[PDB]
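Novice: Take these sequences, add in the hints, and give me the full structure.
2 protein chains.
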Amino acid sequence: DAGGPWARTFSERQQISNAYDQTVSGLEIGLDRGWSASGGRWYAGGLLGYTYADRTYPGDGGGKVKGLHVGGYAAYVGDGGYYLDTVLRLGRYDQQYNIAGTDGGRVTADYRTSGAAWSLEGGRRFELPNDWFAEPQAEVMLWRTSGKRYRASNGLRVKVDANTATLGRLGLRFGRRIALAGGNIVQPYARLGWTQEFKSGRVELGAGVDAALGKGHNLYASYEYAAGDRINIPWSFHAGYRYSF
Amino acid sequence: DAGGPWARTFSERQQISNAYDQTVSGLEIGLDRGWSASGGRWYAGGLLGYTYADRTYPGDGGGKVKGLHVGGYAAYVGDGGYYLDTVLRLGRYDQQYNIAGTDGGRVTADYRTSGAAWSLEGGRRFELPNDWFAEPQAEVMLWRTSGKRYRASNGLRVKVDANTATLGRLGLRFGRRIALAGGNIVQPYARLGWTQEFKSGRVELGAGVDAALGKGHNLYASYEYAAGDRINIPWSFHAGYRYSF
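Residue numbers (the authors' numbering), protein chains in the order written: chain A, 745 to 762, 767 to 948, 966 to 1010; chain A', 745 to 762, 767 to 948, 966 to 1010. A prime marks a further copy of an entry chain.
Please note that a few of the clues may not be correct.
Below are the SDA-like pairs computed for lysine to any residue, each with C-alpha atoms no more than 20 Å apart in a straight line [said to hold, decoys possible]:
1. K814(A') <-> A767(A)
2. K812(A) <-> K814(A')
3. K907(A) <-> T856(A')
4. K947(A') <-> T912(A')
5. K896(A) <-> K907(A')
Some residues of chain A' that are not near chain A, with every Cβ distance over 12 Å (derived) [said to hold, decoys possible]:
6. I760
7. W942
8. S987
To be clear, the hints were calculated from the coordinates, so they are not data collected in a lab.
All C-beta atoms in this analysis are idealised placements derived from N, C-alpha and C, irrespective of residue type, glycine included.
Specialist: In structure tokens form, the structure reads like this:
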């Protein structure tokens, strides 16, 4: 690979508990160029995304969330098996919140907001007999959302909070690299992960397949499930395509 | 008078400054019974009211406010010329606020609230040559509004504040008691007043006429204008009728 275009979709249902359930869906599109740094292989490039979060509070109601974002990233891939990516995302959001107060009271909201998310991720691939691999991975993630706050004089006050959150993520995948008649590479794996959040914890189990289908094509699909403290993700799908061009 | 039914309407435009203009309109209805306490004349009774406040913020929008209230009151009237009334009002309100954030953001609100207002008022009538009178008056007023506050998790916060406010009021009226052929009493006066508010200042000028029209009827009408710090009341009308039954 000397770089290429790529597209990735995704969709994850969160059941976050006391309590709201949201469905987060997205689409990224992107391009990088690659080069030979001796000992490794370097990748730099950028991306464009949509993102849609659809939420629900119990009796009440909840928000919808739409957003464009752009981003830039570098990736290294070592001969020895080390990888790391860092990625910077800048986003603008549009939320239409819609609540109820069980007393009968109905508050409506509608506003734009700004986000950034920076993440850094690395890990190593240890090959094992019969083309099975082992792959520990670490991902720290930082992001900020912007605030807003106004006020109808002699009465009402509305504040949107600028929350700002760190993530750590630990995980391991086991798979087999398996070569089909022709040139194809189907490469299944199953994945175990832990992740937590300080925002100014949970375990995840999933499985995927990444195929290299001869003539520059690449397909990835994975499923993920997570249970945790606040958190509960009955399903989380990612599908991705890349052209080695 | 041994008591009777009464109705009073009113409407006052406030231009309160940095900035919102509101029009406050109302209707009270009420009844009291009267008796002879030697040296004076005592009045006790109750009332029912509607009240409508229609507000406006600059570019933005603003609220509407509807409310039922009930109340109870006593009044004393001395032979010597001293009067005092105390009145307790209990109310429930319905506000539909509607704002804009000049950034494009639109927040909507809709809720019920509770109020009470207790006031105590007194003063003396000094008669002067040719049936002109002088009448200093003092009015302290206490009232509380109730609060409300909810919150869309991991985002938005809405607070309505329970404000709670004292008023002092100083004023003087000069008029002439004037007796028409038959039995009628037209009694004009002009009125100067000061009032301020600690809420956890301004001067007022107006004029009225109170008629006793033979056979138990009573009519009052007044106009009032006020200018002050925060405050500016280009107009404030009160009309009232009472049947001496």
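Novice: Each hint needs a verdict: does it hold in this structure or not?
Specialist: Against the structure, the hints come out as follows:
no., hint, result
1, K814(A') <-> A767(A), "34 Å, violated"
2, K812(A) <-> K814(A'), "31 Å, violated"
3, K907(A) <-> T856(A'), "13 Å, holds"
4, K947(A') <-> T912(A'), "6 Å, holds"
5, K896(A) <-> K907(A'), "14 Å, holds"
6, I760, "8 Å, violated"
7, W942, "21 Å, holds"
8, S987, "26 Å, holds"
Checked against the numbered hints listed earlier, the structure breaks hints 1, 2 and 6; every other hint is satisfied.
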